[PDB]
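Start from the sequences and build out the full structure, keeping to the hints where you can.
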Amino acid sequence: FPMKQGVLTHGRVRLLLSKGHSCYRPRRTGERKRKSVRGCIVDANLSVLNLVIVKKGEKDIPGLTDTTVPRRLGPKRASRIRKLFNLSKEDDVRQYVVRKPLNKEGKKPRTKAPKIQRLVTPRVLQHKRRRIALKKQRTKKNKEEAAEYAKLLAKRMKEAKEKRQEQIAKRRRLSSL
Amino acid sequence: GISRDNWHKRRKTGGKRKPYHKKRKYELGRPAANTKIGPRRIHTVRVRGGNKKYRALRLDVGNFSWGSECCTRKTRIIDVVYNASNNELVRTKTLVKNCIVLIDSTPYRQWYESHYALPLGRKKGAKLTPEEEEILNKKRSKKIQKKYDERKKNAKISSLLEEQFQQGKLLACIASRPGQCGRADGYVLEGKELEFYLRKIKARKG
Amino acid sequence: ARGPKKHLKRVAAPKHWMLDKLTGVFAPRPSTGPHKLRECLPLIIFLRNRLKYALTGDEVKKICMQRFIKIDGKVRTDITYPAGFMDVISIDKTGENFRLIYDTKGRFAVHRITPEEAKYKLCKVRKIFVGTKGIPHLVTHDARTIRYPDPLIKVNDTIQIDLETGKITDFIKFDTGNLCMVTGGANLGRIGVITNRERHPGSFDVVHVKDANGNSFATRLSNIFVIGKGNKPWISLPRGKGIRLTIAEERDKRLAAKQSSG
Amino acid sequence: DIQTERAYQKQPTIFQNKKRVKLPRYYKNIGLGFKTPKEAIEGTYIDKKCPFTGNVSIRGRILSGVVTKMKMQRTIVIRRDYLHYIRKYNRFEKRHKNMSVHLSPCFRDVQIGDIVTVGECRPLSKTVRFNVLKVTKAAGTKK
RNA sequence: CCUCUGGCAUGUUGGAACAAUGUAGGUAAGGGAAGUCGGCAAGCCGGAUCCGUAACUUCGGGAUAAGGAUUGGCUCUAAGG
RNA sequence: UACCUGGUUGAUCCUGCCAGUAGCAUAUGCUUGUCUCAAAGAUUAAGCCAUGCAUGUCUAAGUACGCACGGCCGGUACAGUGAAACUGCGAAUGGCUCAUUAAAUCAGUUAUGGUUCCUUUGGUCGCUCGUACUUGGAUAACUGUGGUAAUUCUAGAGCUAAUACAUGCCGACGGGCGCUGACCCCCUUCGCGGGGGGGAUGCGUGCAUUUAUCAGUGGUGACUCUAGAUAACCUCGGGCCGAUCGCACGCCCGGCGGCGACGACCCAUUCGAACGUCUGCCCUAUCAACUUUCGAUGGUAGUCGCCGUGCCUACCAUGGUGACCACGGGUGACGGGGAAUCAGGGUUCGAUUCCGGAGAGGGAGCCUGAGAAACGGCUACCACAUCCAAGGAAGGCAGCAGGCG
RNA sequence: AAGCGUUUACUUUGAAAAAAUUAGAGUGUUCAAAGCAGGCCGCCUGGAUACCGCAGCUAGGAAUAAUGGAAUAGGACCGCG
RNA sequence: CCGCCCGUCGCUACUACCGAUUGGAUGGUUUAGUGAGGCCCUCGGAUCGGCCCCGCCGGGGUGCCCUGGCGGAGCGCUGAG
Ligand SMILES: [Mg+2]
Ligand SMILES: [Mg+2]
Ligand SMILES: [Mg+2]
Ligand SMILES: [Mg+2]
Ligand SMILES: [Mg+2]
Ligand SMILES: [Mg+2]
Ligand SMILES: [Mg+2]
Ligand SMILES: [Mg+2]
Ligand SMILES: [Mg+2]
Ligand SMILES: [Mg+2]
Ligand SMILES: [Mg+2]
Ligand SMILES: [Mg+2]
Ligand SMILES: [Mg+2]
Ligand SMILES: [Mg+2]
Ligand SMILES: [Mg+2]
Ligand SMILES: [Mg+2]
Ligand SMILES: [Mg+2]
Ligand SMILES: [Mg+2]
Ligand SMILES: [Mg+2]
Ligand SMILES: [Mg+2]
Ligand SMILES: [Mg+2]
Ligand SMILES: [Mg+2]
Ligand SMILES: [Mg+2]
Ligand SMILES: [Mg+2]
Ligand SMILES: [Mg+2]
Ligand SMILES: [Mg+2]
Ligand SMILES: [Mg+2]
Ligand SMILES: [Mg+2]
Numbered sequence: 061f062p063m064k065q066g067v068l069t070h071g072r073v074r075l076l077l078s079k080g081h082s083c084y085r086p087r088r089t090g091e092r093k094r095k096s097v098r099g100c101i102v103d104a105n106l107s108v109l110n111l112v113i114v115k116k117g118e119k120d121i122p123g124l125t126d127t128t129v130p131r132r133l134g135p136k137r138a139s140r141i142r143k144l145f146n147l148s149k150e151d152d153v154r155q156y157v158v159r160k161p162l163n164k165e166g167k168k169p170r171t172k173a174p175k176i177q178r179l180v181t182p183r184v185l186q187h188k189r190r191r192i193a194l195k196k197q198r199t200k201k202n203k204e205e206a207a208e209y210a211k212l213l214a215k216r217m218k219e220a221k222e223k224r225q226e227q228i229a230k231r232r233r234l235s236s237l
Numbered sequence: 002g003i004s005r006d007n008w009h010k011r012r013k014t015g016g017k018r019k020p021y022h023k024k025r026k027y028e029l030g031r032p033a034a035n036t037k038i039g040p041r042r043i044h045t046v047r048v049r050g051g052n053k054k055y056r057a058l059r060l061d062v063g064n065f066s067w068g069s070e071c072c073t074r075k076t077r078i079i080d081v082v083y084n085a086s087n088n089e090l091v092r093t094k095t096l097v098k099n100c101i102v103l104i105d106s107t108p109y110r111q112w113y114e115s116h117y118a119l120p121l122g123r124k125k126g127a128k129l130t131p132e133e134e135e136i137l138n139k140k141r142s143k144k145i146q147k148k149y150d151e152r153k154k155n156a157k158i159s160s161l162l163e164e165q166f167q168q169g170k171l172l173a174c175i176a177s178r179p180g181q182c183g184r185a186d187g188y189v190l191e192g193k194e195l196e197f198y199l200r201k202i203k204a205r206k207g
Numbered sequence: 002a003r004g005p006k007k008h009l010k011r012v013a014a015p016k017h018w019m020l021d022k023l024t025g026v027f028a029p030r031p032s033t034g035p036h037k038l039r040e041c042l043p044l045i046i047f048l049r050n051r052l053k054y055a056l057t058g059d060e061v062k063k064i065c066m067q068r069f070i071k072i073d074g075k076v077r078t079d080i081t082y083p084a085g086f087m088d089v090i091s092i093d094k095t096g097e098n099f100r101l102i103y104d105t106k107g108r109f110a111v112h113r114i115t116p117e118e119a120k121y122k123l124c125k126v127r128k129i130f131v132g133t134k135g136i137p138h139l140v141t142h143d144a145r146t147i148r149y150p151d152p153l154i155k156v157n158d159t160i161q162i163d164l165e166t167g168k169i170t171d172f173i174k175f176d177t178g179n180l181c182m183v184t185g186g187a188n189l190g191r192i193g194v195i196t197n198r199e200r201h202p203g204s205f206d207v208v209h210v211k212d213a214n215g216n217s218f219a220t221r222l223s224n225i226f227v228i229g230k231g232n233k234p235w236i237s238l239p240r241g242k243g244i245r246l247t248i249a250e251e252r253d254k255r256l257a258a259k260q261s262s263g
Numbered sequence: 003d004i005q006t007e008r009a010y011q012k013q014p015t016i017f018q019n020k021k022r023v032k033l034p035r036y037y038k039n040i041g042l043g044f045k046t047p048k049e050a051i052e053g054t055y056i057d058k059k060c061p062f063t064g065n066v067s068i069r070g071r072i073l074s075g076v077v078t079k080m081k082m083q084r085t086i087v088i089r090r091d092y093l094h095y096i097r098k099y100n101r102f103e104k105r106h107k108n109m110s111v112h113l114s115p116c117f118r119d120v121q122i123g124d125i126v127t128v129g130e131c132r133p134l135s136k137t138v139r140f141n142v143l144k145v146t147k148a149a150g151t152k153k
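Note that the protein sequences, when read in sequence, are chains GG, II, EE and LL.
Taking the entry's author numbering, I'd label the letters of the first sequence as residues 61 to 237.
Taking the entry's author numbering, I'd label the letters of the second sequence as residues 2 to 207.
Taking the entry's author numbering, I'd label the letters of the third sequence as residues 2 to 263.
Taking the entry's author numbering, I'd label the letters of the fourth sequence as residues 3 to 23, 32 to 153.
Hints listed in this document are in silico derivations from the structure and should not be mistaken for laboratory results.
Virtual Cβ for every residue (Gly too), placed ideally from N, Cα, C.
Careful: at least some of the hints might be erroneous.
Unchecked claim - Label-pair distances were calculated between CB atoms; the ranges are:
| no. | chain 1 | residue 1 | chain 2 | residue 2 | range |
| --- | --- | --- | --- | --- | --- |
| 1 | EE | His138 | II | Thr45 | 47 to 53 Å |
| 2 | II | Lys153 | EE | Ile129 | 47 to 53 Å |
| 3 | GG | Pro86 | II | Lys54 | 25 to 31 Å |
What follows is the structure in structure tokens.
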């Protein structure tokens, strides 16, 4: 059973663990489950204790220091390319993204670059033009409809005012009967 | 949990409903908010239909409308003094709908002295040497001075309100439901309801 | 049930779709849309049972999803779309236009329409709403919220909507003398002139309506859809023209016509 | 007369304390041709649940009954009296449903036996769903 | 049970020890009448408030039946002239 | 097809049953050649279950640096199929059973003017006056060290994306609209004064939320409706005003562009859900009074709730139901559409394929979600029960087959 | 034509009543139970109709059965102060 | 009428009833004690960041400002938890 942070005791406990907690992975959205974990403070009675070397000693160790393992994937966000290879906002990112070589048994040697997201392409700029063109279309439609309804309501209220003026003049001449 | 269901209780005939289903989720009750007076803390409950309710838990301010003058300002809640339901909800200071709180009358004092340019409160003999209240009360134009001189005929207030301004804090009624909305809004008591709640308070005082 | 139901049974489907009894346990639960469930006729039923352009559910799916069926001037792709009253089917490729008008009995009738008639439809308004800046709103029988209408259009009138724009072209007002198609009840599909309007506060107001052949009959006002000034409609009428000849006259007409056919 | 109880008793849509130099009271007609009584306009009472001067809306059904008990606070019990038909014995049986109805205090003099008319509304309490809309006096008893 | 006015000098002696048997108070793990003629002696319970109270019966009782719960100090609120 | 017949007597005429008579379901016997339909672990044990399966899902249109396959045209990123995993959605439908349940469910009926509602269709979506040629840091999948006897267990390290998670402005935008108003200018007047405009500067300036006030565009039988005006608030467990994706590829001289996909506050719409109104339920009096300061029936004020409401709390009132059968009990009782038998009435049945309800061994509590008090989700406890290295782990056939009883 | 006409029970009509079942129309499933099909040398057509007690809603009738009104005149009507 | 016929007693079988045993076993409702678990509130703060404060400086502006790297540390503030 794994060790997890902040339990702060010596023995083994049982916790309800959820999304965002460690030593647990949910299956359904919203699932919580009593799993049994081990506290922070340590003793002999465990198999594996994990260590992270945080300051290199003055002498080498062969298993850990001599060989080096590079990062496997190059960066993919455009500003992360910028802040890796130290770019401004004018130099082209796409020639500066890392590409990998490809060599195996019986196949052609290749190279492979990630499809970098968040670069500014003319399709993104076209969509940003399209939404504000659509906005001005919507205000033009709104002012057009409002003006033609204003003309129509002026005409209908002119009709109703002339109708009641007909009533008042007709019953004045009926009073003159 | 806490249930809100008629099926757990007797008929009109005093009978006994035996239930035909267990507790449902639309038959749900959650515990009381009991909004005290303190620096603002509001938790958010998500409710039926995915909406949000705002439990205040401790709460200091709220905008009160003094509506005979129609001035509505954000004000600091001083105290709970009267509650028509439960006197221990006065004894602990719990903000609920239609309870009587007290609020500091400084924004309404500022508005009255800036609109009518007459003092209220103001035990006579002192003048604020920071001089800003009298630069608010004096030195206007001869076009605007007739506007103030015609608005100062409608500038006499109720004496109950005025002694509340002189003491510095007003009686007011909470209108909103602070366990539901998250706010402690309401209105300043003036009038026959003010005299009603004042005689209630001093009869309780004995 | 712990939520909304998604399946609909074959026997529990509405009768005016005229589903049969022994194909399958189910009937297509129509998707939510502008028309009610018990007052619609879905697109799978319209293409499969009525027109016989499709044989199976896969065939009506591939017809509706190679983008050929154009309901109300718009492309509607799901096969369980509720095609309701006064909707206009535009079969583009095969070149037809249908208007889902009711029959002399309770059916929806396959009713072929010229394109110059099929570019409008007629809609009964259900509500007058006023939006946020004094903006009037019609709410028709098929969920159209139409902002800025004519102020002479009131709550039980009908409007002639142009389809590619959605705007009002003209309107008929609910008065005595105008026509009526009847959308609901035991008198479903009948056509007559409105004889009488009887006001019941709180209850459902009831309208007496008289057809061409001197038969007068009542109907609640929610089931009444005016379709023109006087006797003159603003759409076409189906075969029989909403008369409901009796069962004796139907017997006499079928044996007369088919002994004349031989 | 007024302000019996703990809180202040006022009508919620009226603003009564506007600056001067008798209160107006809120009242409405409930529809269906029910004449609002003169004591509702001329009164001084408050009521949440009066159909004429309060926050209820008479909808649905409009029934009748005879006043049979008035022992409660601002609600009475009416006794709807009807017959019921058995398909076997072609006869009837006299049944009844007592039901509690909120009687507004604008109907100021009513004695038991009077045939009142009630209207369905918002459920005012646990077993109360109607209001007395009009009161017709019992036969005789004009003195 | 403790105290004030009043009264007295511990009831026909004092001192020093703190052994057995006593006489008179107590306490006891674990078990709970296995002791003995017999629960002898001891022990349990115990006041008040709120509930709850069976058989039987002369209808009066049984009855505080049995069985439960609450109880302090302090800061208050409400009702009773 | 509105049917009777044998039997008490030595014989008769009657009341009266017993027994014959015809169905109709369940079992059971003996018998069985064709063919079309078709019920089938309901009754007893809503008793217990070995095993396998019963809810998963990819479009041009959210993420694609797994050579996992692959095309060449490169070097100006990503051709294109594409497992995996994050994200989104569904898993609340369906199916099974009928244990509970007797004004309860349910049926007809109306109401929500007393509420919520993913979705789909239609509105809305520069109305706000105050790095945008695109902002940030983590994480799975992948590599690499593992642990346990064992689980759909998961840990420490490296990397890396978003329509995940966050942050956040530019454009409209040049002023209008309401306040405050320094001041400016004119007519009358001995004159204070009155009347009249213009107005720099500063404050507020959209939809939604919350409060209060004023007036009375469009509605209903009826609003405290809708819409207007005003004074303010706007929740840091924050409400909107788009930092998203795919096809074609044109036009002004960098800027304009069309067709869509997704998502969003609100308003309708659809499917509904949810409480309510009137009326209707079988046997039982060897059940005649029941309910109440432990809510019973009302009032006033709150709390909670999605809403109305004794739903709950506080303080008052002493009510409420009952021979017109309450209350208590029983049911070999889920309700209805319906089935059998029938002259007319009736009598009996309805677990059973459609609708409504209830439940997942018994009770209870919840997370996620628009919708669940979900059990082919979780946590306890009781009964049961599986694996084991004895420390632990895992379960729910009244789903389909099948097994025991 | 809009608003009003003591009220119920009864009667008649209209509305609204979910399909399935039941009754029943059409139709040579080879007949029948069934099924909503099918027919003519592309066209022709079907996929009806009735019943659905009780309660509720609407409009006619006014016999029967109830109920009322004017009797300490607190009565209609008609105009006047 | 040598007909029929009724009861006790004696034998046999069967079904019930009363019956000391404060009898026995199963259900169901429930007063009262103990009470797991979830949810809410009041705390808590394992851990993880962010901003300031200095020292050493590289890239840039008219000795102050911003950056990018190295550290150190008050934990001065601050956020999640
Ligand atoms: Mg009969
Ligand atoms: Mg002594
Ligand atoms: Mg002595
Ligand atoms: Mg002596
Ligand atoms: Mg001992
Ligand atoms: Mg002991
Ligand atoms: Mg012995
Ligand atoms: Mg002994
Ligand atoms: Mg003794
Ligand atoms: Mg005794
Ligand atoms: Mg005999
Ligand atoms: Mg014989
Ligand atoms: Mg027999
Ligand atoms: Mg053969
Ligand atoms: Mg079984
Ligand atoms: Mg289901
Ligand atoms: Mg039973
Ligand atoms: Mg049962
Ligand atoms: Mg059934
Ligand atoms: Mg059964
Ligand atoms: Mg069912
Ligand atoms: Mg369930
Ligand atoms: Mg079982
Ligand atoms: Mg469950
Ligand atoms: Mg299962
Ligand atoms: Mg399920
Ligand atoms: Mg099956
Ligand atoms: Mg039917």
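Against the structure, the hints:
The hinted window of 47 to 53 Å between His138 (chain EE) and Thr45 (chain II) is violated, with their beta carbons roughly 33 Å apart. The hinted range of 47 to 53 Å is satisfied by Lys153 (chain II) and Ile129 (chain EE), whose Cβ atoms lie roughly 48 Å apart. In this structure the hint that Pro86 (chain GG) and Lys54 (chain II) lie 25 to 31 Å apart at CB holds, the actual value being about 27 Å.
Hint compliance for this structure: hint 1 alone is broken.
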